[PDB]
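K.L.:
Next come the chains, spelled out residue by residue.
There are 2 protein chains.
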Amino acid sequence: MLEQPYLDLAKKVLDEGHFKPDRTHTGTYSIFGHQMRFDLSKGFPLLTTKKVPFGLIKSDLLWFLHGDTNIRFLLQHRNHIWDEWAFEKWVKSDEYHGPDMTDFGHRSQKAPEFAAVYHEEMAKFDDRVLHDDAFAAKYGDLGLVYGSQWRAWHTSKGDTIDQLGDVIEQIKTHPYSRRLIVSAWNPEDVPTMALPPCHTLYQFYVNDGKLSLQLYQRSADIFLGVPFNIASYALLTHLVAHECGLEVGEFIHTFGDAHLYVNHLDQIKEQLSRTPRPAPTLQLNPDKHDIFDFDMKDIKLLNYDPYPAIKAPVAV
Amino acid sequence: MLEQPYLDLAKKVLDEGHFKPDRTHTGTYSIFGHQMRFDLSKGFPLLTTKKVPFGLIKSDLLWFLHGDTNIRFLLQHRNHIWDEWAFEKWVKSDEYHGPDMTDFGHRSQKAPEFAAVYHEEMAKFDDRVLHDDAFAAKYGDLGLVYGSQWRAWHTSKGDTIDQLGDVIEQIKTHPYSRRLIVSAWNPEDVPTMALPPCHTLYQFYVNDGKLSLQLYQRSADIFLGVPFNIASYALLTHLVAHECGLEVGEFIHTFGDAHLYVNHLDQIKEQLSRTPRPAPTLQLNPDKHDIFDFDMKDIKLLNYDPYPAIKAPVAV
Ligand SMILES: O=c1ccn([C@H]2C[C@H](O)[C@@H](COP(=O)(O)O)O2)c(=O)[nH]1
Ligand SMILES: O=c1ccn([C@H]2C[C@H](O)[C@@H](COP(=O)(O)O)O2)c(=O)[nH]1
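So the protein sequences, as listed, match chains A and B.
Take the first sequence: its position 74, counted from the start at 1, is 74 in the UniProt record's numbering, and no numbers get skipped.
Take the second sequence: its position 97, counted from the start at 1, is 97 in the UniProt record's numbering, and no numbers get skipped.
These are calculated hints, taken from the structure and not from any lab test.
Note that beta-carbon positions come from the ideal geometry of N, C-alpha and C, so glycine has one too.
There's no promise every hint is true.
Said to hold, decoys possible - Here are the simulated DMTMM-like cross-link-like pairs (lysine to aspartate or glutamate), alpha carbons at most 25 Å apart as the crow flies:
hint, chain 1, residue 1, chain 2, residue 2
1, A, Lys11, B, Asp162
2, A, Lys12, B, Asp39
3, A, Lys157, B, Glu16
4, A, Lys12, B, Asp208
5, B, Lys11, A, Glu250
6, A, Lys11, B, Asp189
7, B, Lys210, A, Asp15
8, A, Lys210, B, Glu16
9, A, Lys157, B, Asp39
10, A, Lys12, B, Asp162
Unchecked claim - For each label pair, taking beta carbons as the anchor points, the in silico distance ranges come out as:
hint, chain 1, residue 1, chain 2, residue 2, range
11, A, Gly225, B, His25, 39 to 49 Å
12, A, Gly158, B, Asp166, 20 to 30 Å
13, B, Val262, A, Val262, 50 to 60 Å
To be verified - One side only, chain B facing chain A, incomplete, derived with CB under 8 Å:
hint, residue
14, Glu120
15, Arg179
16, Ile181
17, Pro187
18, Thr200
19, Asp208
20, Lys210
21, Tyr216
Looking at chain A on its own, in the form it has when it is part of the complex:
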């Protein structure tokens, strides 16, 4: 069924993860080196065994495809994956005139009063952001995130390159290139960096009329992180093909450190008792074409029937 390589990747960490400690002094059961693949013409690998919400992956990926490094598009779009790292800057910079909040994040889902106050100090931030444009401009621009990694690779000769888009022209004009790669690792910057990016690299390959893509993820959270990343790069692979008049083929997902967090071995075991239901389909509306012009109405999903959702402490 399309998501069996996933439960199968979860199994195996449990069963041969050696403990790795990590940045956030929680635990990881870990493996290194895993590649798995999904045939995107049999369905769409949004998991059926654990609800994952696709409106959230859609606003999210699309932000990247527009060049955008600003959370306004996101809040407008009811999205907040990204919320907390702009907040982070705010809550320091001279204007944070208010209260506790510095740290939030932990003292939040393990205490004190921080649950409430803080969620409000965030919201207020988010409401100033969604209108006070001078603010939005200086505290909601995350600067270096996938959208400008992909479309404005700051050169060394004062300019911006549009890797992804550049790459999409090589697909049209010579689709058999062994080198369609978009990178999102900049060695100048990962020192000064907040989360240096996961999906380090990707490559497309066309053959027999089908596009395929391979992702390399330097670090992966089997419970919380991977459910959603498999869907960002499958949607990207559907997206790039419908623009080049290409028929879809498969997504391959490689992983350096793949790991399960210690506070997740119960919750994982819960989905593991489940049975895959048939995977949904996608419909990507035919008329429109500059992929940079897709907008959330243009990507619709059919027949998604998942098992109810599971909860996790974020561990970090």
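Please arrange chain B with the ligands on chain A, whose structure you already have, making use of the hints.
P.N.:
Only chain B with the ligands this time, still in chain A's reference frame:
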């Protein structure tokens, strides 16, 4: 036996390679997406079924480890993998005052007189290079190759970063980082580039006392190219560990386009009738330690017993 994942990767392309055309209008039987691994503590995966020469991998890798972009070290070292791309520049630039040579490469192993003349026009180049230092400086410096990709990532703020070395300090000081990655893809430059590099990215990971490394190769030649690349990154993995007082673990080799060239399906079939003999061992001399200080005497191999060598037309 240690190299069975290799014959096994060769098999499978033959048997499910769909034809891909390529830059050099020869053919490829191709697959996309393959990951394979080698446990570096059972032996050293220098193939036993096809002689591969390790003095050539040694001078070669070591050049990279010194920062070096100059062929002098190589010619001194009897190496010439690299020869022909500096030649390439020579044979144009105003001073090429002499003859035919422009193209060489094809009219060479398929005609005319080009076999001889040209091999001499190369040598002469190589003898001017190995003494006339002003020349060596301007026609034997390849500029952007692994040695400066890894140790002088030209920043955008006029300077040089030493990725590899930088990364080797994070191994000592926090060996459990999910992010020890050295990249060798620069989006500014792959436009203006000769062979944009293959081994796009690599990552280390230590755990239980062992270092491991994963390579991502955007493009791979199963007959001619991979035999030697598996040995560059295994030697690197032995090299980085003996410097951090680390015990070795395994090498993983991922591949975007893995392919077999059409002029290679006989020669491949030849090794395929063979049987692996026990894989050799390495000895990396104990006293010395700045890995940047290893020199070819310091890395010795034990008991290498291979099947005689096989010939290939280079196809490109
Ligand atoms: O898109 C994402 C973002 C983060 N993570 C996970 C990976 C690690 O578990 C953690 C990042 O920690 P480092 O890998 O940066 O050390 O968050 C993912 O799985 N996918
Ligand atoms: O270290 C190397 C260098 C080159 N190649 C092969 C890969 C391709 O067959 C060809 C390069 O062609 P492109 O991938 O650049 O198109 O040479 C390798 O296998 N390993």
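K.L.:
Min Cβ distance, B:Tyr216 to chain A: is it shorter than 8 Å?
P.N.:
holds, 6 Å
K.L.:
Are the Cα positions of A:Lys157 and B:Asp39 separated by 25 Å at most?
P.N.:
Violated, at about 43 Å.
K.L.:
Is the interface hint for B:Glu120 satisfied, with its Cβ closer than 8 Å to some Cβ of chain A?
P.N.:
This interface hint is violated because 33 Å lies over the 8 Å limit.
K.L.:
Should the hint that B:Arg179 touches chain A count as held when the rule is a Cβ pair under 8 Å?
P.N.:
holds, 6 Å
K.L.:
Could you check the hint for me, namely that A:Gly225 and B:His25 are 39 to 49 Å apart, CB to CB?
P.N.:
holds, 43 Å
K.L.:
Go ahead and decide if the range 50 to 60 Å is satisfied by the Cβ distance of B:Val262 to A:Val262.
P.N.:
holds, 51 Å
K.L.:
B:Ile181 was flagged as interface toward chain A. Is the shortest Cβ-Cβ separation under 8 Å?
P.N.:
Interface hint status for B:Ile181: holds (6 Å vs cutoff 8 Å).
K.L.:
Hey, B:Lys210 versus A:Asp15, does the alpha-carbon distance stay inside 25 Å?
P.N.:
Holds: B:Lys210 and A:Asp15 sit about 20 Å apart, inside 25 Å.
K.L.:
Given the hint that A:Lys11 pairs with B:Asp162, test it: the Cα-Cα distance must not exceed 25 Å.
P.N.:
violated, 39 Å
K.L.:
Need the status of pair A:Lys157, B:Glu16: alpha-carbon distance at most 25 Å?
P.N.:
Cα-Cα ~45 Å, so violated.
K.L.:
Holds or violated: are the alpha carbons of B:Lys11 and A:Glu250 at most 25 Å from each other?
P.N.:
Judged against 25 Å, a Cα distance of about 22 Å means the pair holds.
K.L.:
Is A:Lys12 close enough to B:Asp162, meaning Cα to Cα at most 25 Å?
P.N.:
violated, 36 Å
Consistency note: the structure conflicts with the earlier hints numbered 1, 3, 6, 9, 10, 14 and 20.
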